[PDB]
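In the block that follows, a single chain appears as structure tokens, in the form deposited in one PDB entry.
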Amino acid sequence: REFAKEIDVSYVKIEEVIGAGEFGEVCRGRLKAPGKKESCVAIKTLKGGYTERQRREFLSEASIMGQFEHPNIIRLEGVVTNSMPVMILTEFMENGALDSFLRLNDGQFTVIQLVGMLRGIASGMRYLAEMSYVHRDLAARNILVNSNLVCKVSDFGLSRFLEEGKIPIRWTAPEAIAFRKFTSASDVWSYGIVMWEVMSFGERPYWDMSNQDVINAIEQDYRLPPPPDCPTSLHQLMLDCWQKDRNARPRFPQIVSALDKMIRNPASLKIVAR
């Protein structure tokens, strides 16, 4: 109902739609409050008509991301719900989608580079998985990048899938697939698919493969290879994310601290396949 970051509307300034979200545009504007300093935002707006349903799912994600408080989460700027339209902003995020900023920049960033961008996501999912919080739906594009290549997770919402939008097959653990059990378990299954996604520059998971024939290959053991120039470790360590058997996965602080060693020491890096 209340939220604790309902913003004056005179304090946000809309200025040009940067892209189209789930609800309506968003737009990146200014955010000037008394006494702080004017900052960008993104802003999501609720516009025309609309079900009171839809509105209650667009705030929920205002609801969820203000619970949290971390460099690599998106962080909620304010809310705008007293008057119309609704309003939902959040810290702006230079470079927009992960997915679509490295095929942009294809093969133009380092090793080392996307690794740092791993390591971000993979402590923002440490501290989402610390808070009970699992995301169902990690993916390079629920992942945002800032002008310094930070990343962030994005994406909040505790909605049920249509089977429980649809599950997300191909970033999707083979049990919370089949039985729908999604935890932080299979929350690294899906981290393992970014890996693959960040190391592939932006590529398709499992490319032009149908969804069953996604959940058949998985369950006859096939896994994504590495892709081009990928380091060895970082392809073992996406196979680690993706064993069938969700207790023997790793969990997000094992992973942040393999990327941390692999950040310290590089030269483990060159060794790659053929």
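Positions refer to the first chain, counted from 1. In this text, the rigid core denotes the largest set of C-alpha atoms whose superposition between the two forms falls within 1.5 Å. Compared with the form deposited in another entry:
Fit the rigid core and compare the CA positions between the two forms: of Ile218, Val26, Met238, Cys230, just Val26 moves by 2 angstroms or more. Remark: with the core as the superposition reference, the CA shift of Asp260 between the two forms stays below 2 Å. In a rigid-core overlay of the protein, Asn247 has its C-alpha displaced by under 2 Å between the two forms. Comparing the forms between the two forms, the C-alpha position of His70 differs by less than 2 angstroms, with the core used for superposition.
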Given for the second form:
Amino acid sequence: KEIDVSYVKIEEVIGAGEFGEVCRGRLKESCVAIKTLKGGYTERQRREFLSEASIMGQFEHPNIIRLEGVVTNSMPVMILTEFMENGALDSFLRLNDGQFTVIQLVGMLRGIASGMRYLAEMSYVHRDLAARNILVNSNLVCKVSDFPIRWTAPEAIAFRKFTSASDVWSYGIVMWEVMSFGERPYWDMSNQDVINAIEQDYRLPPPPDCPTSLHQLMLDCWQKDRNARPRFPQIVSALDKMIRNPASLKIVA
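The form deposited in another entry, contrasted with the form deposited in one PDB entry above:
There are no partners or other molecules in what follows, just the one chain.
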């Protein structure tokens, strides 16, 4: 949908993307995030930058970042998406350390898993699933955005075999990041140390106070055999069961 630039105001730079800046902005009133395309570029590069908006435009889900539209009849060329007040999930959790209950964290993981289940159903492989690419709004709603050795499945690092099963591996790492309040997967281990650890069949331990059943689900996500991993609908079902039976989440190691 073409948005007239007179309805758009640009504010503070909130991040960086492959084609330029990500900015906070206003649409008239609501807050939006704006991806700008400035400087030199060919038509093919402009179409490449704008392909993200048509991809997002195909998606309609409570846990997938919403598109507002594009600005193409003026410079800068822009993609407007809904603004997510709390930003990236990893930094939001690190700042708000211990501020959310086990049940609230499960709700966040359930949202993410539902968003991923939607993408997988649409035959869409994300390839870059990490807490840094999960955006949080004012109501703590977690949304998959952006349409990394530590988050990548072994077969995807080794053979570039990116599948929804390799996103499940990434999801398991997302789980660990959430339950640890935005701790870095594998701490300050180098990428080669991480690869070496996975080859030893080492797996990330339960974060402090993490329910055993949630850590078990992480291990399920981290099976070396991609075919042994649960699929996104199975992950959603496991979390829904934990939500129906919160007393089961009191079992910790």
